[PDB]
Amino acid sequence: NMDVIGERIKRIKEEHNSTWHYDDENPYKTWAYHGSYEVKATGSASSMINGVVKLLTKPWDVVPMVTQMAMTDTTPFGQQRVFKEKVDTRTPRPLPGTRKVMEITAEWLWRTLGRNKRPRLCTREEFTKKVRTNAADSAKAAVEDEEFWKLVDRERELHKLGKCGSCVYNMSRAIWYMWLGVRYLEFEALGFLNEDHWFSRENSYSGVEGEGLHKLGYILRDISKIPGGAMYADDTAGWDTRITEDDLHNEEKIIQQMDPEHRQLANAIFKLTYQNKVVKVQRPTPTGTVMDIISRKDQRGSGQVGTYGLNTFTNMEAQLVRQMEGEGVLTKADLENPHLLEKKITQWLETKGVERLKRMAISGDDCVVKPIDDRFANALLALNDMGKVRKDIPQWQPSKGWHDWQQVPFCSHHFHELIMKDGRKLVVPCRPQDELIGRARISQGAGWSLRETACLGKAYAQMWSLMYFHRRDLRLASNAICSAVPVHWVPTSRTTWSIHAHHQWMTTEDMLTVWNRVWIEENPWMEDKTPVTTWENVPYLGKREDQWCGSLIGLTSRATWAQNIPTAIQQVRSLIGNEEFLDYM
């Protein structure tokens, strides 16, 4: 294994030859440990609190989920506990028959996904444009430096020779240029899956890439119209740690569709940084803090360019395999058989494949499946054998499905169908309210002024007005935040890193105008384009549903907050200063 990773470890070792040592008390059991060096400890035991949101959500000061979210340990201690609890495991190799059906399905799926689209290399100027639009970090400074691109070119030449010198995953500007350079090179070779929307619903059938949270519920409602069994949405326990060497070799098959110069670079990413990887992780010691150098041949590196798309691919494949087992196409005997009949798998894929993909909504490790009947609930042999063991359920207990699409969990949400006062139906996204408030109360970074804090608060408020307006407490808190923050202050930072967020709330445009654009004008499931002219006609969940989903409506403390909210707004305004404010209450 040293022939692939040796050069990276040699460069790390030489850069820290003063403090480099082999810590024999290292806690790694399934990862190869190469050595350690001294570092300055990074992270925090607690997250910073957004005072603007906190002051305008007083009843949630006494809420346990709101307190828990404010914690999250990122210190070397936090890094180590997460590592031990999840990442330091080995997935048993799938059986020979399971490997065979996965290989057949992966070959058919890649050909289906590439039926209209051709892979291509992504560029420096594409990466540059993405970095600029995201910052509008030190990444914008690097991208502007010609020496950054010269470091990139030197690494690419090693990749072209089948070698890697500086692409290290992390759990001086030279080390930062090497990390961003590593990410650019991955973007160059595999970025096309995202940039050219290979996992869009039109291209992939099961996929939802580019859809946006406001479309997911409508897609689940459409799947519910397909004849079949219940809708299943099983969670995998730590999906990224369950990506096997066999999964990685099946994902690598996309390189067969590439032009020769592209194939060479993508083969370098797969073989040197996915199937072999060098990882840095911080660890507390009695003496201080060390950086450990570790390696392994499987699992998925969570913070990589190709992660979302490749997880979506492998999950689509795994769910098709589970549907084949449910239909009796794959038997227990087939999974143990290296010599299983390839023809019946091929025949099912060619005649039923696409129809079975349309029965699913797949976003990375998140899946919703509506099989042809409920035999799927007990079809667990291939799923468990592929390593995709379901979270917090005995291995052989049947999956429980839903017969109502509104009860289905997907991407941390569930979806409600609302009837507007004018008779039109809306399908809206929702999650436990404490989660929404708890997140909005967390600020991103230290040494952030009242201005930056208030602008992030406004970004959360405006996200609530656009996606979660149907929650009484969030509409009231949103109105309060937007009344407390100067009208012309532009929302900053980001409320989420979800691929499903399109950030339409990152504006100073009227939120009702934006609401009409998203929910009426652009909404393909809204035939009648009549605009809503007042928030009074923007619906809420039924009161009982709002309460079931965490609303404090009906509580005295909530009634007191609603009554006295102009006082808290004025208190925020007085600390912000003599600025232009608008009264949204």
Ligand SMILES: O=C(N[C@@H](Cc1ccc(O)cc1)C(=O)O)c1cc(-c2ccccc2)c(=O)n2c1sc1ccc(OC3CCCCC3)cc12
The other form holds:
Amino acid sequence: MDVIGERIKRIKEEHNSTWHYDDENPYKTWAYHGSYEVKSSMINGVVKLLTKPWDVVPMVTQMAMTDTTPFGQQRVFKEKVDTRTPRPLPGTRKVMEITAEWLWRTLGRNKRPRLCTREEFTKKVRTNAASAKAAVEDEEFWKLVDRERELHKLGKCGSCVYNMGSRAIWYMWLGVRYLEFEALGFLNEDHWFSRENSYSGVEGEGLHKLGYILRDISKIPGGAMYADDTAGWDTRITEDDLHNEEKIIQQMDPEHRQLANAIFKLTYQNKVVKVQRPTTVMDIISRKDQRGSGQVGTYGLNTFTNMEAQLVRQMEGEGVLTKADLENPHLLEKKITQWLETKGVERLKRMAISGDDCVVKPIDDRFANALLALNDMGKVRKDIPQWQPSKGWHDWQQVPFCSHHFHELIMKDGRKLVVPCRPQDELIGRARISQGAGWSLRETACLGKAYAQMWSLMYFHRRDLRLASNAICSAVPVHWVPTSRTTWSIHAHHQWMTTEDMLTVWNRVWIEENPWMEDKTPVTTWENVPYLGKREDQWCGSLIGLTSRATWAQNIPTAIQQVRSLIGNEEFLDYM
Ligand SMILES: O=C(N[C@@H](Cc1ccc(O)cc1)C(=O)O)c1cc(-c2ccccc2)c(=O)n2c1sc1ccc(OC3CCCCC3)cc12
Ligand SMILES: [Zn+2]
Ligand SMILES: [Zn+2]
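What would the structure be for the form solved in complex with the ligand, rather than the form solved without the ligand?
Below, the chain from earlier opens the complete complex, with every other chain and molecule after it.
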């Protein structure tokens, strides 16, 4: 309470109207403080019309239901988030500590930690929105930020709360996120987890490059390629991991260390969380041993903790760590350090890690059964008995990573592409969703265009998607700019948010600026841009071959014209 008490007192005093201690609260692993009272999805008509066959598809239908109400916020909360991860064994705790140290040193070999700024935060906020904008322009916002910073320098914290008249707390939230960005932003802003700096990371590489990266790993001699899912990663982050993560502060300057120390000790290793629940109230809870997913640095810190954990699993697999070692309070460091120094970077290059998502090609398949450390650390795998060996892949094109798998294509001119793919229903289902309500047909059309153009660059190889994309582009006016973002994914670089010729953009991404494309001959026509094989298009969810799809394909200009006539008397272009 000596840390969180000051934040507890302010929310108490602010909402003392309806403040109380409800003894029928469902919080067993979280510490509960109090509560107070406070106040399906919409469909993209343009995309829907132009994808009629997928009206009668379960996965598309399922994606047309969002559970953003407080009913759903508690539904999945207690299952994973209200649980305790047992403390790792002394040996495991030492190994992690050594590895973390070694890893932090390796990452900061060239780069240097530094504070991010008001100007950077401002620049990002503006470009993103293209309400927080209003707060950034407000000078009194930044004055409040300074106030809290002085508290943070003093080791205290007053207003930094986390969420799972209104502008007051809205400023407090945004201000709290800036202070994080200030202290820990550099990890993201200076690209510490770029593949060049991290070896295993893929920050700033982009979806289009991920397939090429995995193919490169497959060339590395060793065992199979393992991509194990962790059950609720952010919930499995221990107190120990947080102690390992903060070791980064050792490379910071005094004034920067100072601020980062506060962020770690006061908002990560302790956290006062707001969570909404029907009875409609807001419960105030706190704990020390999990990740605040909405916070800044999360991706960076997950990537780090995962990199470490996999190196440790690799060590176990290689027979460096035994059961006895993990149990040992007085485990010797020599063999670990030796391993890290001689083989560490090599073993990092065998991995592609983005947050809790990982792919690993160990030197052999002992890794598959090396599960002592992995389970002991807390990173228990999803939907598989704790001690059952992992299922690896012998073809990199089967390996799942960042919600995708990847295909190697052969173009008509002999050159080879490597493209991202996933079930066609997931892509179409997502496209048919529009965000929120009160959207005009123009705004609805431009989102459809955004999605249509994303498919042109990333999923062009899917026959149905290319057809649907050309249909949407035909039905939507030419000079209308794609507005709202198609995804929040960190791997999306948003090359489709443009009114430039998509074949020109395609050429830029896949030929021109593609390090793996040696011959830079321009592809002059979409006829030269390849698809997957028919059978693999079908295996990944295509409806090519079905009558209904042939009907849809045959009757598509009629539907385009209907959308055109409802949009109005504008300038359209045909892409059929
Ligand atoms: O406030 C948020 N939601 C808004 C805004 C937003 C902004 C940025 C972002 O991406 C995602 C969402 C929305 O959904 O539109 C939000 C949500 C989430 C979130 C996502 C999945 C699960 C739980 C939380 C979220 O992750 N975030 C927000 S605002 C926000 C700001 C920065 C941020 O940094 C990332 C990248 C750099 C390293 C640290 C992590 C993350 C972040
Ligand atoms: Zn604070
Ligand atoms: Zn596929």
